[PDB]
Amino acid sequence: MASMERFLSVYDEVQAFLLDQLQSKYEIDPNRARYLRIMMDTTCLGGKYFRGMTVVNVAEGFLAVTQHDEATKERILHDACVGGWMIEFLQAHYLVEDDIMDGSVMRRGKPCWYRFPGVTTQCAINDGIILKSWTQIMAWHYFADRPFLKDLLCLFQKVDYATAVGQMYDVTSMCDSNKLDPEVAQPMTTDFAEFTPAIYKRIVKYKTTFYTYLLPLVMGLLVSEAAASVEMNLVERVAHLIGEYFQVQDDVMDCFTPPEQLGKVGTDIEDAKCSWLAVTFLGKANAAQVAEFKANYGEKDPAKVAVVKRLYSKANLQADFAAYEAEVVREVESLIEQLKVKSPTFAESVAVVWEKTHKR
């Protein structure tokens, strides 16, 4: 955790850079500077730093096998940290805005940012916008002269857009596609015909995998000037696979993990989310159980939510999860083997990403 230390120190630097700039070029006053400092901390700190630290880890692995001056080593580690915080702030953006979109109450055992008394939705929507603009201000400042600037900005931009499209797939996942119409209020599906594996996979791929796995791995390659070292179709396939697994864990926990341990009260049932539980349950239920699911899903009534949870328990979805978990393990190993050929170093970083995902 020398690595973590360096990561968290660069946070303080980037924060001081951003706030200093607000004063020198944006005419900000101290009280507004303090409000943003607080906003930044509250929204960007307190997680595990998985996405940002992956950039750092990928760069550290290349540093162990690549010849450089010390000053160059330090520059590469600094860039990996700044790149990691670009991802963290991008995540922060999306969590602030998603929490508002969904009317969420808590995140990480603390209230959602919009719910803070002196924030409100009015300021919070803009605060999220600020979060994401800070990523660009970081990039243009710290990476102005870097040969990877263009590639890094273009990647970032595509990942951002993927994530927004994924959010659209998510927010629309309980509607019937043939009924989407801005002019007409959308009913919740009655047939659940679109609660399929292929459809779930589409949501998760765009909404999470791009920003959580693809971006930190490819950013670590880009700040290392190492991208031609790997087969980018392979990196993409392994990110999309690990990414899917990660969300299937999150889906299971939303239902079954105690709220104090989850950091929030899960509401995927009431929200009629296209979860791995729902999709899996529908792939194996009999006619009477499908009917009972339809009568009870997507409803705030706790009585009906508890009917859903009992259908899940009875249907033995733990056996489906274990089968899934074993197959993802096969596939992740296969892809690591394919990466080992070209870059053993990069394959080991992917192995570590997978280990941290698989046993969290």
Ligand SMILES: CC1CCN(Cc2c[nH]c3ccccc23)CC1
Given for the second form:
Number of protein chains: 2
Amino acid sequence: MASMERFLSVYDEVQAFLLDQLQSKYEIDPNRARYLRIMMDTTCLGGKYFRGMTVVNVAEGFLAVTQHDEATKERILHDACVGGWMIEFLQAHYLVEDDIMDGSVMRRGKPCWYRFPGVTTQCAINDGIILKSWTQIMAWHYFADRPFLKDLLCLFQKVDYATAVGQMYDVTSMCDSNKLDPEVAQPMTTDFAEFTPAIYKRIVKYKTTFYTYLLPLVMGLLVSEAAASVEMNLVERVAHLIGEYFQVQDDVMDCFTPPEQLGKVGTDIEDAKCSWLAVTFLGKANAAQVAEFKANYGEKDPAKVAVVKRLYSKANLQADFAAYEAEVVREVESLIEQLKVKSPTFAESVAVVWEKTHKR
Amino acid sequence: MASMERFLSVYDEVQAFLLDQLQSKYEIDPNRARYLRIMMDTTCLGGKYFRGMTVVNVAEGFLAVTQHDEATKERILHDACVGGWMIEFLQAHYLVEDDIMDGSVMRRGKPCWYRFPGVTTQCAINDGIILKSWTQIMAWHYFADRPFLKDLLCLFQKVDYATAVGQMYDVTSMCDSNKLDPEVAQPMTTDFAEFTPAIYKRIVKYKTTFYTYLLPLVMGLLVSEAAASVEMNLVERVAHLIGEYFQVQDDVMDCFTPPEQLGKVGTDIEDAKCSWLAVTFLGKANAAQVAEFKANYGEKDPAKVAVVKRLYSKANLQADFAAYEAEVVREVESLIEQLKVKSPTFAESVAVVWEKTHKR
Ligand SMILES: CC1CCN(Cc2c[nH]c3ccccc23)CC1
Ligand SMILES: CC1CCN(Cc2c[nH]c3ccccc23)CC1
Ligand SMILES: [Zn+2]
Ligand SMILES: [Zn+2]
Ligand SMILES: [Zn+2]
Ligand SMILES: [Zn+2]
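Which structure goes with the form solved in complex with this ligand, now that we have seen the form deposited without this ligand?
Shown next: the complete complex, the earlier chain at its head.
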């Protein structure tokens, strides 16, 4: 059976389980079940399923080199699909909540969930809470007897927490750290002194890389009972490296990719985000260019946004990106080589993860 | 050592652990640590700690009748305090998010967290996510080797989920179920046909009773390794009974308790909430009174709110409440008696829980 169709069939199965359990154990009525069914589909489906399918792909790799009864192969693949959906539902939670937090309009070419006429923010905040709660309902049901349950739950929690911490780093990235204070309304930074590579790295590591790259890779190892086929420090290093590169692409595309292909109107400049573009620009600008950036960044005024984009274009950031990319290629290849000492199979799953990121 | 001071000392210990782990493992800077410290204090402290202290009180009861080394007594009490704080932090999550969802102004006489000038909704939604994430960080750290870890995590998840489901029942309680539809803006009910005792019961059971009464009682049993001293079906029945009574008091006070003692301006009428007052009023009103209720309920206009309050006062709901109360006293006493078959100690902890609710 093809991996994607297996993964999609498991979605339908998990959805049916969750809704049927709501009816049998939580007293749900059919109309609210339908609302939640639509909410699940609208918030969980429509992406590429890169994260969930990486769990499946890692598990598939180990199945090719490990002796198992057929029924065991099917159990491992089913577990990998359920684990994958846990990650996809975790992402769905964070997308719903982040779109509300940021006042976003569109995502993947459709209105953000909270903007649907029959949803509203009051409902959508709680819908997002339910989405993450479903990840745990899945795990406790499908993985109840599994030897990896404890390790899986502990990892999933740490990744969830890291993502929330990353969200805090992101939403506060345009404020001066020494001025953070719940009692006092927060001004935007004027010096941009915290727009550094190391601080940018910290936002991205926590907000993006743990859930997008580390969690799918390690979840694939866990459901395969294969954590001894890897040096975990290498897995973390390669996950953080590829994840940062992924976010850099995303930051570049926010500014320069047309809205129709982006599926949204990018607002990183108006939002004063600590983006790779802003950090790299400030790392090469002269005094006059810095001053012009300061006078225009973080303002909705389309003229000032236009000034920032022209500053980026004139600054030849394409060349900094090519140098960054070449360095990432160097390091990802080195880590893939270190991963072969213990598992050619896992190293190849990482190579596939890298190829799908680098040529997306 | 007195129970409350032990519980408060454990708060300081847990807080120090969480913040120190953020510095050692999550790359936090001192200013963001301070923000999170203030957020924790502001959202977790200032209540009565009824929920957390019930864990401690249940554990204390069993310590009086069970043979243990002194060090074991201290471990059990420390575990009960950590478990109690898990519940208090779970509540804090739901209060932060519910205040944002509902546009609330005040809570316990202070502005809601999201209204602090230096917080804002963008931050506060994520702060609420962090609060619940902290419940899991606590459990995995303090309970890592504990025999009750799995049962505790599984129970906590089900209660978290039930609460989110209850939140959905609450926010949708003034809409017609057959008209729920993410695509279509939701009108308020005109017939109030779903303002029934059974539907009200369902909102309250899930939104309030699981986390407020069932979870503290069962958590006390778990950290005491005492689940065999109870019939769990009795524990659930008594928890749901006392919890409903607690919410009924809350609903009455929303309308009739002065704002200064309430610590907020009650808006259940304007919010068109399915409150005990509205359900009980509709259960006894004549046709003219129903029509006047319909023309005035769920509107911000203070004149129309005033009409609803006069309808409630004229309807002699105090007498329905006294009859409801007397029936609850009957049933709570019956269940406490059934609980004595297996544990006088646990039955007495429930009697204390009931006394603190009934005479609050
Ligand atoms: C949770 C927050 C919003 C999502 N972001 C990661 C991210 C970057 N580009 C994406 C495209 C699609 C889906 C997710 C992403 C991390 C912070
Ligand atoms: C999470 C939502 C808001 C809180 N509510 C329970 C509740 C009723 N009265 C209270 C007074 C103080 C603290 C909590 C409560 C359950 C739904
Ligand atoms: Zn965001
Ligand atoms: Zn982006
Ligand atoms: Zn509410
Ligand atoms: Zn209330």
